[PDB]
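6 protein chains.
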Amino acid sequence: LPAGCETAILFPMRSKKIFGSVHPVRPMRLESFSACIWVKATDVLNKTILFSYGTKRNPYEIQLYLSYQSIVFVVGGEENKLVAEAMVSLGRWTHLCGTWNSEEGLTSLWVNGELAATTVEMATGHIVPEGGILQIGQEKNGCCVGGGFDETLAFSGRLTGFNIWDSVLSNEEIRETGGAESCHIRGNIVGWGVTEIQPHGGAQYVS
Amino acid sequence: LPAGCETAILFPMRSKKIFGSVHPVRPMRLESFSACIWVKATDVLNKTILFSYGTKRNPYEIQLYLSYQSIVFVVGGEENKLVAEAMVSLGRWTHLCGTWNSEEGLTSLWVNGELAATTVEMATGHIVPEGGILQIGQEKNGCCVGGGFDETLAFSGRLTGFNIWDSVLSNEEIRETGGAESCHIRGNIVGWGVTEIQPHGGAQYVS
Amino acid sequence: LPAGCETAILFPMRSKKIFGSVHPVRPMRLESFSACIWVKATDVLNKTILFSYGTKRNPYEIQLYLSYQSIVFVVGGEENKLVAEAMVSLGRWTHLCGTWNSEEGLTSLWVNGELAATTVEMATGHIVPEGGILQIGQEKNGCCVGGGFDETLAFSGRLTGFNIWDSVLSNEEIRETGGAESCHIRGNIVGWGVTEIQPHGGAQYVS
Amino acid sequence: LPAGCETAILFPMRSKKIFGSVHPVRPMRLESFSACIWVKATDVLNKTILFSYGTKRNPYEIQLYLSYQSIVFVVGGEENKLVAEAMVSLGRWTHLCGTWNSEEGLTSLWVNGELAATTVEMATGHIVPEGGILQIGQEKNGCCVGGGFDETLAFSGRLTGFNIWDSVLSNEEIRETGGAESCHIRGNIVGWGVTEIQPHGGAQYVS
Amino acid sequence: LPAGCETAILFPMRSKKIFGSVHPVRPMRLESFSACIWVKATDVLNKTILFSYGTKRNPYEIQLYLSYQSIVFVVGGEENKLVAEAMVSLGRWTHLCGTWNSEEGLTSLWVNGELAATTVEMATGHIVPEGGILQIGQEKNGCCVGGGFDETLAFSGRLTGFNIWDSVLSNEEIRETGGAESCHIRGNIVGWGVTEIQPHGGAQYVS
Amino acid sequence: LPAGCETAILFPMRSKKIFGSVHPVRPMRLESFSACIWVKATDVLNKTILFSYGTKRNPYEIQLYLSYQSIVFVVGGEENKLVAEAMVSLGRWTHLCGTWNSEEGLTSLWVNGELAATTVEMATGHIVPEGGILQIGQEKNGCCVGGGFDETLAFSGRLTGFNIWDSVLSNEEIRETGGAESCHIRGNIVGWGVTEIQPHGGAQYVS
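Residue numbers (full-length UniProt numbering), protein chains in the order written: chain F, 175 to 381; chain L, 175 to 381; chain D, 175 to 381; chain B, 175 to 381; chain E, 175 to 381; chain R, 175 to 381.
What the hints contain is simulated information worked out from the structure, not anything from laboratory work.
Each hint should be verified, as a subset may be incorrect.
Calculated from the model, a selection of chain F residues having no Cβ within reach of chain L, i.e. all distances over 12 Å [said to hold, decoys possible]: (1) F225; (2) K230; (3) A260; (4) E278; (5) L280; (6) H300; (7) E313; (8) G331.
Computed from the model, here is a short list of chain F residues facing chain D with C-beta under 10 Å [as the list claims (entries may be wrong)]: (9) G228; (10) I307; (11) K314; (12) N315; (13) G316; (14) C317; (15) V319; (16) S344.
C-beta atoms are modelled at their ideal positions from N, C-alpha and C, and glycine is treated no differently.
Turn these sequences into a full structure, and let the hints steer you where they fit.
Shown next, in the form of structure tokens:
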């Protein structure tokens, strides 16, 4: 048994240098998906970056950030967004997730297994290419240049359970993955404790 | 071993290169402030520096060192120092901090939220500059060539919860910081777990 | 070698990891500017990076590449670019430089005291921002464990004498820049020996 | 390129990082001494150190620096100093032998044996102490911060042939030290090729 | 685990490179002294060298190891050795320490504060000098370029409770140090956590 | 440049850290041997090491050092040595060669292929084991104890012309080894580029 599945990372603070590198295996070609994470933040900012995907042409491919007391989920472009209202608390484990489907651009947020939002026609029909970079809580520009990254966009807190799916998991899957025994549940695109994750600049794993 | 806190640093040795490097962003032009930090020490010497700040002209710009059974807080230079009498032990947590008024040089000390000593006219008529060097448990001694840091003045023990404000915290404010649920509160000038702190020569973060 | 300038980067071979870094002082915003190069090339592809400025919002602003015996220069975007046809040789010293103004996008590529090419209203009303990245010999790609750059666009052979002025030079100093002892004058924006540049991934100088 | 002795050090760049360190053996107390070095000043600035020695009590124990076509010599304190005017041109071999005598503060300065500057009443009755830190062409500071050292005070070019003597060398010794086959001679306190010289942050030996 | 409740060092496997090096403060010139150590072993071979003070002319001036269930103490050289018979077992913490005196070569060992053996004429007429090399777990030098330290002598397990006193401790001092509240007492010549110790090749702290 | 060979080693300084390491393929149980050395010394203190082969038991197995103007050839201990009175200078090549016969101690020294000294019954009946360490220009002192290599025993200058044989060379062999083009040769037991050698502490390959 997992006996209390607990493996995570370390963010001693938000600096200009600490970062991590994601290294998936299969193409990022995406039209629909699912993804979730258990989080324990310390302090929210004007825009606190948790994770996001980008490309040389579009560094804003995927995105999820917290500003004050709400959640905004962005896809492929700044205009493309999904704001929540009053469902974030500091320093508390929480289940959160959102999804997109190209075929007519559905989007839904889902927290603690509970629907946080519902809305349609975002990134509608768009095709996600593959060839960019994925990082968790950082931007792209600033590698091996002595910082560079905007410290203003960094995050403080704990994270655990990063997993990505090729398809929008049903709402039953949404509620169940929020259960006390969902840590083992690992996605197809990315599996927590399976996909390569190597820290940098002061990141370390914590159990 | 909590002190109303989770993470801290480790100081396994009084070494010649062990020290902590801290790097805020805003300038250190200070006329008044407060700074509270939990401490748990192993052994006590005639003098053991902590968190001091200084300048290439005035390394003694501020200081706080520790004596066998007295605690001396220094501001500006050698001439201006306040001392606690007999309220220091070893291996136990304590809440120590005070404030400075440039206008009249007021000073305070507070052990476990309990006043220690009070006196006036220290660091008055003069301004704390900006851009100096901040460190911990050791003076800004030789750092690159050789260990360069004298052993006698180093520290062994547990320090964390260090933060900096810009104003004098009232007695209620200080006693609140003495509560077990105040770690989340942070100072604007320095936010613990947010401001830059990088360990050197033996310093090691711990949860 | 004829380049009296001692600093002489060598790029011994073309790989996916050999690269360098630069860190100028003052902002890169420029309504008019000029830059130059003294180079000895080993090999040329359909496209061979010389250098290029880049930002996360515009990976390419200024950009160069030897297209076999022809030179192509870039400003603003792929839409704007000037070309020179057959003014190159392999294994021989060569002086290259171009200029631009936002005033009327006036442009005239230069080559060893000759007018390599000319065009009007290139990048007029287009101000390069400040805070971007400049790279030489290669464009902006990854630099992680096995990420790296495009070896095909990597360069091999020696380079030297790179500097930047912040306006459009008149013909007098332009011609004297190719003088027998023009090494001493240094572009204010970039001075060959004042603006720091660091070899990486195998880079080294013939100094 | 030419040089009296083959072994030399290079300063091809000025930044906040490059610097060098020295590790002599004997104590640095001294009431009179003699010292010099051969330099190739590629460029000058408003103010920039050539070689200097300092400590926590006093960073200005000694400073030699140039001001355009003039050379400035400072001992002990900024007010305590001397200057010679309109001899230097960039990138040229030269010899200078400024010295001191605590007995009456007798300080003179030869330029290849021409008494460029000289006066009295400097540090009269003071003795250089022991226990400081030594460097060449740098302002003392902790670069472990990353940077720290001021770029504007950094030297660009080549320096070589540094020596220290326990007493003031007579005029005959001074004019002998500068011979075309004299760069072998070595100071007792600092012996060229015997006393330690550690390039740092980019400094390199072009021996 | 009376000793486990303290910071210590783990040695998971008996390797060719696992060891530690130190850098004490005062010279090691002695004629009498006390010393102790806390150990919990897993496997004992023909020999598992514990530690040994050695100089260039004699590596075996001081030497402690465990021969299966036998505890042999060697002083000066192989000529002198004192053996404890059956006071050691596997897999648990234990207390096994003693003292020596040159004046008449008196030697004695203790187990849990209980005498194990004593003798006379051991290292009489000889003195232990200062400036040698001390290691732990493995016997002699050859760290980086020597290939390593003889594997057969290597040890795997947990060690702690190391202190050095410059006098034969009385029986009361021995029994008090053998108690559970001896963590605060520390040797003046050397002490765990106060005297520099550097892990090498696998050994790491635990707390 | 001279001496025929185009491969040498530079010891720019006599520090506490520089030394030269060798890794012979074959064990060093030598009863008879031969070798040559080509040197230009820079400065000579009371003692100066050329090489010193040493084992743990007898660090003075085979040695060769210069004192002022006098060669000394120690082998196996202080009592056994061979000395040349005033047969050296500074800063020029010289073919120095001495051998040993374990049969009855036939030992001698050849300068520029010219007999310089000879003694008999030196190291008669004393055998050389295998398992020691060969170093050149310094005496084995330790490389991971924070330096300490005696600067007095270090070497300053550049060196080449080192080989080792399994037996004594004849007079014509010695003279040929001293020939004007005695390179394109390697010793029976050690050569150039074949013998594994790694500079450490400030040595440099040259050609």
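A quick look at each hint next to the structure:
1. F225: holds, 20 Å
2. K230: Check passes; 30 Å lies beyond 12 Å.
3. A260: holds, 20 Å
4. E278: holds, 42 Å
5. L280: Its Cβ never comes within 12 Å of chain L, the nearest being 37 Å, so this holds.
6. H300: holds, 36 Å
7. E313: holds, 18 Å
8. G331: For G331 of chain F, whose nearest Cβ neighbour in chain L is about 9 Å away, the distance does not exceed 12 Å, so it is violated.
9. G228: holds, 9 Å
10. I307: holds, 7 Å
11. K314: holds, 7 Å
12. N315: Result: holds, 4 Å to nearest chain D Cβ.
13. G316: holds, 9 Å
14. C317: This interface hint holds because 6 Å falls under the 10 Å limit.
15. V319: holds, 6 Å
16. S344: Check failed: Cβ of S344 of chain F comes no nearer than 36 Å to chain D, outside 10 Å.
In summary, the structure is inconsistent with hints 8, 16 from the numbered list given earlier, while agreeing with the others.
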